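So this first bit is one chain, no partners, the form deposited in one PDB entry, shown in structure tokens.
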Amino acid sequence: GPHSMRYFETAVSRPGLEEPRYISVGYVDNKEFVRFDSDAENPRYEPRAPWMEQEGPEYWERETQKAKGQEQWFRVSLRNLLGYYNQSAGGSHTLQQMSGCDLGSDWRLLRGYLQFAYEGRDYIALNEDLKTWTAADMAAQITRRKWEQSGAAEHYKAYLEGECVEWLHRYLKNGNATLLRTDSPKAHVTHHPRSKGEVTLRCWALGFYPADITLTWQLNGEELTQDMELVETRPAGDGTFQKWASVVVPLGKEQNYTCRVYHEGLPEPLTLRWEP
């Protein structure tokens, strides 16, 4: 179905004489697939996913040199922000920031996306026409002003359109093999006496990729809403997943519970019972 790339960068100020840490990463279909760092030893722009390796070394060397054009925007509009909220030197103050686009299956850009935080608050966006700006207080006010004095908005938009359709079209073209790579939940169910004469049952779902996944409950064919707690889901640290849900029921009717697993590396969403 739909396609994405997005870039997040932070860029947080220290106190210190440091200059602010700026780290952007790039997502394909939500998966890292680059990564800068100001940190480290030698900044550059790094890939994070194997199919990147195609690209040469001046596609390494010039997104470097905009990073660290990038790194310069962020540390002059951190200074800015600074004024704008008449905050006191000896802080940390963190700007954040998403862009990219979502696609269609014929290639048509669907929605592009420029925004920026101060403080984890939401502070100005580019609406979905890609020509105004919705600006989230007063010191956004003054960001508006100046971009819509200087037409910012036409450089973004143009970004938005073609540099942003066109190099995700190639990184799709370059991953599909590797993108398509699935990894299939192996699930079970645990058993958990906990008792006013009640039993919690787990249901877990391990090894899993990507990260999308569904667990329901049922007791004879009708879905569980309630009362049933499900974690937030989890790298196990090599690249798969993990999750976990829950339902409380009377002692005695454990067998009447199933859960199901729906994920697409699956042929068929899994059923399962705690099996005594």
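Basically, rigid core = biggest C-alpha set you can superpose within 1.5 Å across the two forms. Numbering follows the first chain given and starts at 1. First, how it differs from the form deposited in another entry.
- For the residues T94, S184, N127, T200, superposed on the rigid core between the two forms, a C-alpha shift of 2 angstroms or more shows up only at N127.
Having gone through the form deposited in one PDB entry, I am curious about the other one (the form deposited in another entry); can you provide its structure?
The next block holds one chain only.
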């Protein structure tokens, strides 16, 4: 629904190497458009969408410069974190960051995001007021006090309200040809044996974009989600995505059931039933 930008950043330390592995990935409307990786031949922010090619060389040197700053910031934080959690040297550890902003259909700031994780667990997050912080444990409380003192919240607030939103407009305008596209799901139903007098009906949705989609079964026209196996939406690898829902019904009474598929690319939802 709401347009969005995100920067997903990761730092991984490792035994032997003094420099940790840093990777930053940028998303516009959940579609990857830029990437930085420290282990690349010539580390810089690369375009990963065809519509980003039109940015000038000056744009890319600014972004690469910020990546270098973040590498240094992540390195220092990984070291502090190691001390906070009383961990031994020579190990391997992860520091993750999610930054970004949501826009309303009216094209302005809806919600701002800024949150960190350590070893894949929540560490600290900027609150929705963009003023206060939520620390997951005692380690993160030490970071909180330090950041409260320095006015770190204000800094990120100016980013999420300022440049995050301003630059999202430019990216949305430049690449609306590809971003606002919608490929409709081509759907069907398969029938498979499960046990004595019971059958698995599976509802397929294939070749759809964007990933947002809802599949539900129903009994006699009434929504049915009791014990519905619903798989994780997965990429086809050609731009589009795939998904299925399934339900276990009695043998002979399969006609009673129908699948329902909702997707923004359709003029109206698909209703399907397994036929011989």
